[PDB]
Amino acid sequence: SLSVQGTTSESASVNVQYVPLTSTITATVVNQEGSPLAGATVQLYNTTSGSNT
Amino acid sequence: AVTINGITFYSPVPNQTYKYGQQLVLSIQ
Amino acid sequence: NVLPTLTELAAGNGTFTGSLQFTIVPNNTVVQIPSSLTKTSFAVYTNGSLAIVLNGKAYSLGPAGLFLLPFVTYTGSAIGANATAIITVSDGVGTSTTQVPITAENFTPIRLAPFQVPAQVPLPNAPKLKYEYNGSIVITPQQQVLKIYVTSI
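Protein chains in written order, with the deposited numbering: chain A, 107 to 159; chain B, 25 to 53; chain C, 1142 to 1294.
Simulated from the structure, these hints should not be mistaken for laboratory data.
Just so you know, even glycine gets a beta-carbon here, dropped at the ideal spot from N, CA and C.
You can trust all of the hints, since none of them are fake.
If you only want the chain A side, here are some residues facing chain B, beta carbon under 8 Å, derived: (1) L108; (2) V110; (3) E116; (4) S117; (5) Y124; (6) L127.
Per label pair, the in silico range of CB-to-CB distance: (7) C:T1239 <-> A:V125: 36 to 42 Å; (8) C:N1266 <-> B:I52: 24 to 30 Å; (9) B:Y34 <-> C:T1164: 24 to 30 Å; (10) C:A1184 <-> A:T153: 53 to 59 Å; (11) C:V1234 <-> B:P38: 29 to 35 Å; (12) C:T1239 <-> A:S119: 23 to 29 Å; (13) B:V37 <-> A:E139: 52 to 58 Å.
Model the full structure from these sequences, guided by the hints.
Right, here's the structure in full:
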């Protein structure tokens, strides 16, 4: 808000914004048949925490 | 520039998005 | 030469004058002013676009807002000659969208002045958009009077 209180009580309502920061990691599986596998479980551990969180 | 409620905003004009470590500077006439 | 060149009137009079004639081009730059303070929301352009009348015609000098004076301050907001107000008025039946072009044939010289200062004498030695009233006005809940003069000459 700019409540510019000079000579004028000017009331502005300037919106601003912020986008959060999220990361997205992808993993892929292929074999010797050259066909992408479905049903494979892949587990991401965050190993920058000093354990397998 | 744009007259929102009396303040000739050169910056901010409404719905202005910011980034991590970005400096808002208040430029107003 | 369509503007003067500076010459003297008599032998060593020491005089240098010219002459500049002005106008405004009506602008169209659509500036919607968001107001959630009152239901009526109001779009006032950038207050004409000042120009110089040379050769009979307008050649722009840019935003006439910061140029010219005065302008009414709808909570600060500069509304003066050469605009359009697109109006969204409300009522118990709903709303209607009206439009009023803001002309300088709609300029309207009105001061609003205190109860204790004369209505038709303005104040140029008090600030243009402000004067501090020093008089006491007591409010009473059935007689809540905010006394002023809306001088409508």
